[PDB]
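Undergrad: Now for the letters of each chain:
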Amino acid sequence: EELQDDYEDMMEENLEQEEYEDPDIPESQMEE
Amino acid sequence: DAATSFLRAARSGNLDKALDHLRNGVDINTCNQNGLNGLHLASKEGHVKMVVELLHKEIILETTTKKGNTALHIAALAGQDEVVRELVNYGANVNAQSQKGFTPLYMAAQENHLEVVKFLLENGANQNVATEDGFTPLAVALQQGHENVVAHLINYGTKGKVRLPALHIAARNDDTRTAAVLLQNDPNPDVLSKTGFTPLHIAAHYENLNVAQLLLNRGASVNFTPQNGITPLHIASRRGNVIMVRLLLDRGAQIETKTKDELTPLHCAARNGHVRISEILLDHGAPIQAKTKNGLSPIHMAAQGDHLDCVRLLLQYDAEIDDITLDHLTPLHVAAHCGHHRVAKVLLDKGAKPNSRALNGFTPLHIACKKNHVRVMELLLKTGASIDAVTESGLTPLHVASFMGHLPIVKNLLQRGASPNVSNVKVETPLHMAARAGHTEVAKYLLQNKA
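Sequence lines, in order, name chains W and A.
Going letter by letter, the first sequence gives residues 2 to 33 in the authors' numbering.
Going letter by letter, the second sequence gives residues 11 to 461 in the authors' numbering.
Check each hint, because a few of them may be wrong.
[As the list claims (entries may be wrong)] Some, not all, of what chain W presents toward chain A, calculated at C-beta under 10 Å:
no.: 1; residue: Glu2
no.: 2; residue: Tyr8
no.: 3; residue: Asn15
no.: 4; residue: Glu17
no.: 5; residue: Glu22
no.: 6; residue: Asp25
no.: 7; residue: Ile26
no.: 8; residue: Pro27
no.: 9; residue: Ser29
no.: 10; residue: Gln30
Hints listed in this document are in silico derivations from the structure and should not be mistaken for laboratory results.
Note that CB positions come from ideal geometry on N, CA and C, so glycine has one too.
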């Protein structure tokens, strides 16, 4: 507690690298 | 007398007397007959406040005694966990070797200081450094029977530094005194972490203005680009840090730089709906029509996040209301997909085309009928969306609603006068799709109509 952010894994999770990317453009194709 | 009194005060932890002596003119680097200065004596006795105060007054951190021990060596041999942490936080070399070849890790391991051993290993202490005898921390811990230290040393192995660099930790806490000491010792403000982010990135993330200005005054790259292309301006725009965005732009942040997925800082601002940041970026010349890898403009990201005011601001700055992605999706298509009827209302009241065709010929009405977004459906039909529009495969909105089994959509479509006897490319009716998917209520409502 209060010192987890000192670590590289916690900082990587905090910075949210996935929020600076284009996730997808979903279509949900009705046919199968 | 004065130096002896200062060293005695440092040993006893009398911070006020030591501060008075330093004010009088006593040199901070004076040491006793054994080569121990005030920092060594404070580190021996666990006086963390005295250690911090002496580090602030520019004591030489890597000064060695007559045995070659640094302050970190003495703190590790004495088992002062907080003093070890504080010394490492100010840039002490964890791999320093004394005259006989001992490292702080060796001193911590021989003395069964498990917390110090764990902290040193987490800060990149290399346990393969041997003394002049050839002994390692593991070997001395085995000889002394320190079972827990042996187990931790073996389990850690070669995991390396898993803690952030000290400048990153200082930037996270906005602590400018530690940052000033670190930059005095190591003059590089662009030190990289394992992820490749500079301390300026961390400062931009938490909007730590003071450490950000301190880093930029020492030569930090305001436009630093890691492998993924996330500049500090990107982080500041994504996080909503208006003041940090202003500071970075004033120090020369580039407005058009793109990430790996081709996102501009305006994309990050509009995706999270930061209206003021978006307006600042636009006033500084950000491209409003810039596209990501999938052809998404900032208005697409604003519409996807239900950021009504950001959509309004982007439209006010002459963003294309009918810009398409690579899948031929307009912002109205995205709004219908996500069910944001307020964004759709603002777009349609500003001239968006209600019958735009996607790659498969889907209108926004088709997508609204697919996802059971009834309010978007009413708004579209009120703003003149075609209720009998067909796709490439001939799917009417009633076909889509009946197949997905959305009872309110089917009810509202039949109430407004949608024919339930239409056909696909294959001769298939909405009743066919309702029966195929087993939606008994939708099929029953279709049968009460003229299906």
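Undergrad: Quick check on the hint: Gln30(W) CB to chain A CB, less than 10 Å?
TA: holds (8 Å)
Undergrad: Min Cβ distance, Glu22(W) to chain A: is it shorter than 10 Å?
TA: Since chain A brings a Cβ to about 4 Å from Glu22(W), closer than 10 Å, the hint holds.
Undergrad: With a cut-off of 10 Å on the beta carbons, see whether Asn15(W) makes it to chain A.
TA: With a closest approach of 7 Å, the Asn15(W) hint holds.
Undergrad: Can the hint on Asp25(W) be confirmed by a CB-to-CB distance to chain A that is less than 10 Å?
TA: holds (8 Å)
Undergrad: Quick check on the hint: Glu2(W) CB to chain A CB, less than 10 Å?
TA: Where the cut-off is 10 Å and the nearest Cβ of chain A is about 15 Å from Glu2(W), the hint is violated.
Undergrad: Holds or violated: is the Cβ of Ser29(W) closer than 10 Å to a Cβ in chain A?
TA: This hint holds: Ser29(W) lies near chain A, its Cβ roughly 7 Å from the closest one there, short of 10 Å.
Undergrad: Closer than 10 Å between Cβ atoms is the bar; does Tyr8(W) clear it against chain A? Give me holds or violated.
TA: holds (6 Å)
Undergrad: Any CB of chain A closer than 10 Å to the CB of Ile26(W)?
TA: Cβ of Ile26(W) sits 5 Å from chain A, so the hint holds.
Undergrad: Do the numbers back the hint for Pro27(W), that is, is its least Cβ distance to chain A under 10 Å?
TA: holds (8 Å)
Undergrad: With chain A as the partner, please determine if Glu17(W) meets the hint condition of a C-beta pair closer than 10 Å.
TA: holds (8 Å)
Hint check: a violation occurs at hint 1 only; the rest are consistent with the structure.
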